[PDB]
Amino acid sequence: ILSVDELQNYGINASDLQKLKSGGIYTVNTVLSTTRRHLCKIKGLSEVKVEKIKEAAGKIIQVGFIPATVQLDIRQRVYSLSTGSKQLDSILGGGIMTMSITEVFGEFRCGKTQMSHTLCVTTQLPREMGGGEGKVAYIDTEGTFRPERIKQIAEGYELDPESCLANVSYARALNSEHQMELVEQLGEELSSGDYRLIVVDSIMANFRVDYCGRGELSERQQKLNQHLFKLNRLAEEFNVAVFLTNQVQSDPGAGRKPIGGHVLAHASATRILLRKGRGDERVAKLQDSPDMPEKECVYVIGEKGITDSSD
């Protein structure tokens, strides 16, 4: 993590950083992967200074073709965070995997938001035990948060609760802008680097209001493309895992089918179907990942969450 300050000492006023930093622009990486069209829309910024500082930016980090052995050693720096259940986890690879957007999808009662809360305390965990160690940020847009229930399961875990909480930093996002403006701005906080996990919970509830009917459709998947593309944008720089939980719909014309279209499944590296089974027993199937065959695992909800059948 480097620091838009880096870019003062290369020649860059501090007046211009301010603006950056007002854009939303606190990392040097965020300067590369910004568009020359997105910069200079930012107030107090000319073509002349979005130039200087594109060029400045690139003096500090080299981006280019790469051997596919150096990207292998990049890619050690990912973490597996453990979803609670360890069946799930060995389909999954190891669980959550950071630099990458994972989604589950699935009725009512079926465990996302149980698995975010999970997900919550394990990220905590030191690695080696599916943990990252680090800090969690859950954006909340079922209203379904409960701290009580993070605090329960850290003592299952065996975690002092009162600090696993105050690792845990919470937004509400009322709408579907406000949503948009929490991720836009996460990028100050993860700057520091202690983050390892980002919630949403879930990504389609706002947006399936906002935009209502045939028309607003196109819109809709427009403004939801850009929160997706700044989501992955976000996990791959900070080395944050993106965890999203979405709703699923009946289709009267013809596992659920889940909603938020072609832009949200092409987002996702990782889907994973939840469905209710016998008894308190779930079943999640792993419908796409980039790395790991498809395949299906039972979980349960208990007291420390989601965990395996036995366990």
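Think of the rigid core as the biggest set of C-alphas that the two forms share within 1.5 Å after superposition. Residue numbers count along the first chain shown, from 1. First, how it differs from the form deposited in another entry.
- Superposing the two forms on their core leaves just one of 264, 57, 273, 242 with a Cα displacement of at least 2 Å between the two forms, namely 57.
- With the core held fixed, the Cα of residue 285 is displaced between the two forms by less than 2 Å.
- With the core superposed, residue 11 shows a C-alpha displacement of at least 2 Å between the two forms.
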Second form
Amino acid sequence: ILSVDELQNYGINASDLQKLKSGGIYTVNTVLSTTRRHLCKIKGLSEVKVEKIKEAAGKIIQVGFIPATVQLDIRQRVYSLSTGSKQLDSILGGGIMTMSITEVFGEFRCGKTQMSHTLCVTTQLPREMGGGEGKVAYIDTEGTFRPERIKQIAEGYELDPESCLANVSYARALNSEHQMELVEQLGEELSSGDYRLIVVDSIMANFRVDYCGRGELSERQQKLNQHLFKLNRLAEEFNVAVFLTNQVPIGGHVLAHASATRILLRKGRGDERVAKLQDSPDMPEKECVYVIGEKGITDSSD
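How about the form deposited in another entry, since we already have the form deposited in one PDB entry?
All you get below is the one chain by itself.
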């Protein structure tokens, strides 16, 4: 990831960089992504500075027409974060992928928060065993974050548990607007390049709580759009997997279109649970079997 600071040599004053920081512009990728119209309304930014900023930013990263071979090289750098269950890793083609949006959904009691915790613990695993070796941002919209569970699963994975606990980040989304403010503020944390996973558990809870009654659902939806859009944008810029959790599916066409990958969970026999991929741009629908044990989400044979 390349931030906005390293622009000092290209002819950008510190005042303009600070204005970009205040506007939520923390990296070159979001400099390119943000249009000149949206760049203009940034506080303190003129209608002539945004252009020269744009040509300055265009020089660092080659933004143009390229053969698909270098595009394959680009997509080689996304990480297939393991979801704990090896069969669930295989069915998704490696598991949750960074730079893309993946949603898990189902009834209550189906094992979603446990999937989130398993991702939080395995995301700090290095390459070649399903980890990304990158930090995690957890948004707790349900107040259900249990750090001792993360330490437990870390002991299960034979890693220094205190390190795993310090690496994972955490926020308690007290309301939908607090969650929105948090996802908007992720700029200066994701800019450092240490974070390679955002997990929201759940995504819709505060939206359903704050917005009640049919007279504001559309409002919710469009806010959701922005929220979801930002998440997707945050996925594409900093190369982080966005892992949503939702109850039931619900979210409508808005969430169906926003979510690139979708998984449904349902109960099986005892602690055995069964999952169904429902939508994905790479793989067809199939089935998988998992269990919730002392080390989070694993295979039944584990």
